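Protein chains: 6
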Amino acid sequence: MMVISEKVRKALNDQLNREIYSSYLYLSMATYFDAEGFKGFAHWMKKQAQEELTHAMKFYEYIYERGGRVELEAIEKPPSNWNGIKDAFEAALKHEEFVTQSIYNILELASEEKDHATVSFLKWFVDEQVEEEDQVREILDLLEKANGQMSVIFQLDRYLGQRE
Amino acid sequence: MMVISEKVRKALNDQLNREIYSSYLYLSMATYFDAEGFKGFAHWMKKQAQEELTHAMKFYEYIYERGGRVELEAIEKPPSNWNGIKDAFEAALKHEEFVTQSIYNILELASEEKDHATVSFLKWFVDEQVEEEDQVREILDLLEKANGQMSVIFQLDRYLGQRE
Amino acid sequence: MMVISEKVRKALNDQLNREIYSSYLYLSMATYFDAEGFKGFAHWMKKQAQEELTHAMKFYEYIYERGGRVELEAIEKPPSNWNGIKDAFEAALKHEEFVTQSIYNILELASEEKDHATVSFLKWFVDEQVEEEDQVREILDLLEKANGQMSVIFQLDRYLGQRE
Amino acid sequence: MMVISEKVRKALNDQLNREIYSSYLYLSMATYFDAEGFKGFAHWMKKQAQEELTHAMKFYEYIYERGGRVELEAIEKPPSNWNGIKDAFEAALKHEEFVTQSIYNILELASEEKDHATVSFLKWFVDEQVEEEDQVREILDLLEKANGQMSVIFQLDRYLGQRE
Amino acid sequence: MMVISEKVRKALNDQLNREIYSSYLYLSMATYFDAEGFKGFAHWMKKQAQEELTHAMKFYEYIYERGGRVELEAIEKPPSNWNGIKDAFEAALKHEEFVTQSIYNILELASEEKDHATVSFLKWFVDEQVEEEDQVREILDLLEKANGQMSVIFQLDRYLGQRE
Amino acid sequence: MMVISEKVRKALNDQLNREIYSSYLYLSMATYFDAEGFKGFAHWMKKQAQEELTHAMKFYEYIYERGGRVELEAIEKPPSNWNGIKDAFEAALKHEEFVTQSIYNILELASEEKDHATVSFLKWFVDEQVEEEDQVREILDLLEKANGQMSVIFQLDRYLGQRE
Ligand SMILES: CCCCCCCCCCCCCCCCCCCC
Ligand SMILES: CCCCCCCCCCCCCCCCCCCC
Ligand SMILES: CCCCCCCCCCCCCCCCCCCC
Numbered sequence: 001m002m003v004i005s006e007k008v009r010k011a012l013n014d015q016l017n018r019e020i021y022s023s024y025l026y027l028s029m030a031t032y033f034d035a036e037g038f039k040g041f042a043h044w045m046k047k048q049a050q051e052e053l054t055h056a057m058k059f060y061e062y063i064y065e066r067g068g069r070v071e072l073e074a075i076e077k078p079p080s081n082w083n084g085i086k087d088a089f090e091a092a093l094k095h096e097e098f099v100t101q102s103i104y105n106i107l108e109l110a111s112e113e114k115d116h117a118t119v120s121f122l123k124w125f126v127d128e129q130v131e132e133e134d135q136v137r138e139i140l141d142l143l144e145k146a147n148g149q150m151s152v153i154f155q156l157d158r159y160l161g162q163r164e
Numbered sequence: 001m002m003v004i005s006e007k008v009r010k011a012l013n014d015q016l017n018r019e020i021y022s023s024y025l026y027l028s029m030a031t032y033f034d035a036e037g038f039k040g041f042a043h044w045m046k047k048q049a050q051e052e053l054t055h056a057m058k059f060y061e062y063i064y065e066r067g068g069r070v071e072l073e074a075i076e077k078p079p080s081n082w083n084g085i086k087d088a089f090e091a092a093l094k095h096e097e098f099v100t101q102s103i104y105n106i107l108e109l110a111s112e113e114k115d116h117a118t119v120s121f122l123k124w125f126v127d128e129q130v131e132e133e134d135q136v137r138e139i140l141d142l143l144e145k146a147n148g149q150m151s152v153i154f155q156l157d158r159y160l161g162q163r164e
Numbered sequence: 001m002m003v004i005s006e007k008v009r010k011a012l013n014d015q016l017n018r019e020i021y022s023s024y025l026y027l028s029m030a031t032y033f034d035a036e037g038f039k040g041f042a043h044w045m046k047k048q049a050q051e052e053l054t055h056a057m058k059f060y061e062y063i064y065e066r067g068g069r070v071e072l073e074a075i076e077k078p079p080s081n082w083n084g085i086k087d088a089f090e091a092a093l094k095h096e097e098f099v100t101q102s103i104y105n106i107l108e109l110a111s112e113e114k115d116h117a118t119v120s121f122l123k124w125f126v127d128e129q130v131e132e133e134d135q136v137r138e139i140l141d142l143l144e145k146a147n148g149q150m151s152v153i154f155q156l157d158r159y160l161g162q163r164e
Numbered sequence: 001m002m003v004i005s006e007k008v009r010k011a012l013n014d015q016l017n018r019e020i021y022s023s024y025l026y027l028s029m030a031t032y033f034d035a036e037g038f039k040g041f042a043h044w045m046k047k048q049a050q051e052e053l054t055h056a057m058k059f060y061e062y063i064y065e066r067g068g069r070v071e072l073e074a075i076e077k078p079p080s081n082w083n084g085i086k087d088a089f090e091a092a093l094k095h096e097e098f099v100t101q102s103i104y105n106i107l108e109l110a111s112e113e114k115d116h117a118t119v120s121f122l123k124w125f126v127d128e129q130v131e132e133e134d135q136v137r138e139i140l141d142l143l144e145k146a147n148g149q150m151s152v153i154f155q156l157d158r159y160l161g162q163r164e
Numbered sequence: 001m002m003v004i005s006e007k008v009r010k011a012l013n014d015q016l017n018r019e020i021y022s023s024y025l026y027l028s029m030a031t032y033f034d035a036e037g038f039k040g041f042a043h044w045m046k047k048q049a050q051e052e053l054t055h056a057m058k059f060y061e062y063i064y065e066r067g068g069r070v071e072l073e074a075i076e077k078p079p080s081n082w083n084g085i086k087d088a089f090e091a092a093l094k095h096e097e098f099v100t101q102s103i104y105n106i107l108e109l110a111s112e113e114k115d116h117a118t119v120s121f122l123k124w125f126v127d128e129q130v131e132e133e134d135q136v137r138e139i140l141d142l143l144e145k146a147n148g149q150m151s152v153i154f155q156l157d158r159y160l161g162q163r164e
Numbered sequence: 001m002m003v004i005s006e007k008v009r010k011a012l013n014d015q016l017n018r019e020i021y022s023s024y025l026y027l028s029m030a031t032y033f034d035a036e037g038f039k040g041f042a043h044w045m046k047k048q049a050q051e052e053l054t055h056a057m058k059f060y061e062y063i064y065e066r067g068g069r070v071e072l073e074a075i076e077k078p079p080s081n082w083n084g085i086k087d088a089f090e091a092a093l094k095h096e097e098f099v100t101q102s103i104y105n106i107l108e109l110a111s112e113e114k115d116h117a118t119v120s121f122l123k124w125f126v127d128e129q130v131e132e133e134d135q136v137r138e139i140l141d142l143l144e145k146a147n148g149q150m151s152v153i154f155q156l157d158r159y160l161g162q163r164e
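Residue numbers (PDB author numbering), protein chains in the order written: chain A, 1 to 164; chain B, 1 to 164; chain D, 1 to 164; chain C, 1 to 164; chain F, 1 to 164; chain E, 1 to 164.
A couple of the hints might just be wrong.
Copies of the same chain look alike in the list, so a pair counts if it fits in one copy or across any two.
[Stated by the list, open to error] EDC-like, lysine to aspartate or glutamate: derived pairs with alpha carbons at most 20 angstroms apart:
1) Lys94 - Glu131
2) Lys114 - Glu133
3) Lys145 - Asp157
4) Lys94 - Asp115
5) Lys39 - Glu131
6) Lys46 - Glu96
7) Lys58 - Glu128
8) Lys39 - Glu133
9) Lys86 - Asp134
10) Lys46 - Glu61
11) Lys114 - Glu131
12) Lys86 - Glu36
13) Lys47 - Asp134
These aren't lab readings, by the way, just hints derived from the structure by calculation.
If we strip away everything but chain A, and leave its shape as in the complex, we get:
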């Protein structure tokens, strides 16, 4: 039998589908950077999309570990265009903050039910949001000092294009 409540399973399953969309969004940011000829920024976004998928699969495996089942839902069309490099990264940061708030909501739901297993499972994602939000803020800080200077954009494109 399933040892998560149906309310926590649905929250976990909802977050899994949220992570699939996040991975899709970053791929669509990659389509934008490649359309604009920034292969380094695009590469960074392709790697970010891959990383979101591994988040989704950790939700996947935890649900089955607790006797639940995953049901995949429709994935909405992401935006495909942004008003330049900095605009895209601002949309990225606002998106990560939304992901953080949705993780917090599952954590508060689980602790209200005394589902300590799920509370503990979610700590990893809380810690990762701190790092992912920070990565985007640091990039935005550089774009704000760059003030559109192409000599600095180029070096930043090549640097992010080196992401492993």
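For chain A, the structure is supplied; the task is to place chains B, D, C, F and E with the ligands on it using the hints.
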């Protein structure tokens, strides 16, 4: 400039979005096998899902090589349930034949427009479909001989669970 | 001076003694499997007994780290017999669920006394119980597909006998 | 089926349960030493408990080798307190000598039934008991020699804490 | 945009400054032991001072991770003398227990504001405080068993002097 | 007994505390650079801070080597804000020139009192000050040629972030 016609770019972009869906369908087949307790069949479907993503990124990179750009569309909800192992693998076979025919249509359109560059590019996918259809047929053939014998199904699950 | 409360030290010492009993119970399940001639299942139970000893010793060392003291209590006679392989596994799963709930009680006790050190110490056991329950559920699922057919029971005996 | 008499099977089964207690007693001596702050003596006692477990398991496997089966019984609450280090080690010697006589009684019983297999199996424990008794006597001798000087007790605690 | 509240940034910045004082305190204890000619105890205190700096720098980096900044405050003059070795270590134990309570206060504040990121970040410091308090008690227990015998003080001096 | 005069013990002890403040000042400059988003300059300051600590500890050990005693004094609150990158490095240079003059004052004092050991011991610090003043002067020269230009400042930031 873009050197593919818009018709051929649309056909290639539509196909990229079909590979994304295919990936999502195989993941959904994995949600079914894990719910049924066949983790080796599930593992096989998770690897299949990754493989279709690499097909999508191949379309992606060629589209930008030809001066086009990619637009991600919404991903329809895949089915999540089948009436057993054979049913799921038969749904996979039927899907691969649909993907194959989709590829054929692009090839016939590109060749109608004398887009020899895209005709040549598609050869890789024609050959890949031969292998992918064959792999499902092989599993269907083994499942047919197993005929519900759990002794055979167990070893089959563990063997498919070793896919790289 | 002891800086855990007497109620939290008592809860921890009680849990330590529970883990000793858990180890004894699994050893007694081993006496059952060995009597029934399943040396692989018995081997699994012996390894499970050793895992519980390490749990107890972790409670042991945290109690002294916190300035407390451990007092070993009498250990009661575990059952010696089960109505079959699954009956034994079902008993193990029920016991593991009981162990999880008693871990939850110390954590809820520690959290009300604002004993954050003990709340944090217990997170490893919450995460460990998720895996322990999952292993037994997976084994129960395979015996459930095995349906008492000895050719696959033999394979599961060999598989579980390889546990390190 | 069983080729030991039930009288030697129960004698062997009693000794197995005796050895489980022996291990519990040494862990309780560890709880005492850790309470007194002698982690090296406590470490030695934890290792001594481990070794008694292997003795129990050697009886365990021989019982099944001869076609019998093991039944675990309740384990008595060991003492938790002693009036000093020598007093705890004096009780250890007290007990190892009781364990030796406990083995002698099985050997004399097996020899009366002409159960030569069980007589010969017991030779190992006779030789092992000689070593374990001397182990403690040498430790007690150094304690007498220490004459309560913490300068030498600290080195003995450090020495015994090095037990592999 | 700072994503810690101002009361949590202040709590964290205050704790950073407390850690700065703590290392300074341990250095001043080192000045005492060096004046008394116990270079091993002084060496231990020098290592403890360096470890508190690493604790300060982890608050430092987390504050900037969350979008805040650090403000260094004046550091009070620590005591320069103690009534003996164990008097100094007793002050150290009382100080570490004070540091632990100040970490507890930040955690309760963060969880009241539902700042799950800071609550999770603080778990490392909760666990580390358990080991820092335990380390001092073990030393006090040894100084209490030494009872001023210099034959035992000399070996504790050189023992603590090999701290890495 | 002490074989430096009290007038050189205090001059040396004052300089030890002076070096502690220097280390704190450089940390404060790191808080400013990190607040401004220049992680390379911040890294340089963090390394400069720990370099000042090794200066302090060399005074520490020489004071005890001459039969003296160290007394830690209060630490003044360092400034936290500067008008810009170059102003911070200009403040660093003016501070280093002040530290050099304070070493000069100790050296002239020791010389008048014919304390040849301290005169010779201070030679290392004189030569080291030439180096520290020179590194800051070189950085100021590049910042002056940069003339506030972010493309060149970013390169200086990356270079100084590579400091070992
Ligand atoms: C090279 C980077 C490509 C990233 C593509 C991200 C696309 C996200 C939307 C589609 C996701 C559906 C399929 C997911 C399958 C995941 C399988 C993981 C197995 C471990
Ligand atoms: C050897 C494999 C089987 C082991 C079965 C153990 C069953 C539990 C016995 C009761 C507990 C006795 C005390 C054991 C203490 C061990 C402490 C080890 C510390 C290093
Ligand atoms: C060899 C022993 C060194 C002991 C140092 C004790 C320092 C006490 C606190 C003084 C102020 C410290 C300010 C500098 C912080 C340096 C941070 C280094 C890592 C970035």
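Here's how the hints hold up against the structure:
1. Only within a single protomer do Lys94 and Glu131 lie at most 20 angstroms apart by alpha-carbon distance; the minimum there is 14 angstroms, versus 35 angstroms between protomers.
2. Taking the closest pair of Cα atoms, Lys114 and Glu133 come within 20 angstroms of each other only across two copies (18 angstroms); inside a single copy the shortest separation is 28 angstroms, beyond that limit.
3. In this homomeric assembly, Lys145 and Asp157 come within 20 angstroms of each other (Cα to Cα) both inside a single copy, at 14 angstroms, and across copies, at 13 angstroms.
4. Within a single copy, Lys94 and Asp115 get their C-alpha atoms only as close as 29 angstroms, which misses the 20 angstroms cut-off; across copies the closest is 18 angstroms, which meets it.
5. Taking the shortest Cα distances, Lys39 and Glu131 sit within 20 angstroms of each other only across copies (16 angstroms), while inside one copy they are farther apart (23 angstroms).
6. For the homomeric pair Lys46 and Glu96, the shortest alpha-carbon distance inside one copy (16 angstroms) is at most 20 angstroms, but the shortest distance between copies (26 angstroms) is not.
7. With identical chains, the CA atoms of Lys58 and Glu128 are at most 20 angstroms apart both within one copy (12 angstroms) and between copies (16 angstroms).
8. In this assembly of identical chains, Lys39 and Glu133 lie within 20 angstroms of each other by CA distance solely across copies; the values are 17 angstroms between and 22 angstroms within a copy.
9. Proximity of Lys86 and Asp134 under a CA criterion of 20 angstroms is satisfied intra-copy only: 15 angstroms inside one chain copy versus 27 angstroms between copies.
10. For the identical chains of this complex, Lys46 and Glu61 are inter-copy neighbours only, at 12 angstroms across copies versus 23 angstroms inside a copy, given an alpha-carbon limit of 20 angstroms.
11. Proximity of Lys114 and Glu131 under a CA criterion of 20 angstroms is satisfied inter-copy only: 18 angstroms between copies versus 27 angstroms inside one chain copy.
12. Taking the shortest Cα distances, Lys86 and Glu36 sit within 20 angstroms of each other both inside one copy (13 angstroms) and across copies (18 angstroms).
13. In this homomeric assembly, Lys47 and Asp134 come within 20 angstroms of each other (Cα to Cα) only inside a single copy, at 16 angstroms, whereas the closest approach across copies is 23 angstroms.
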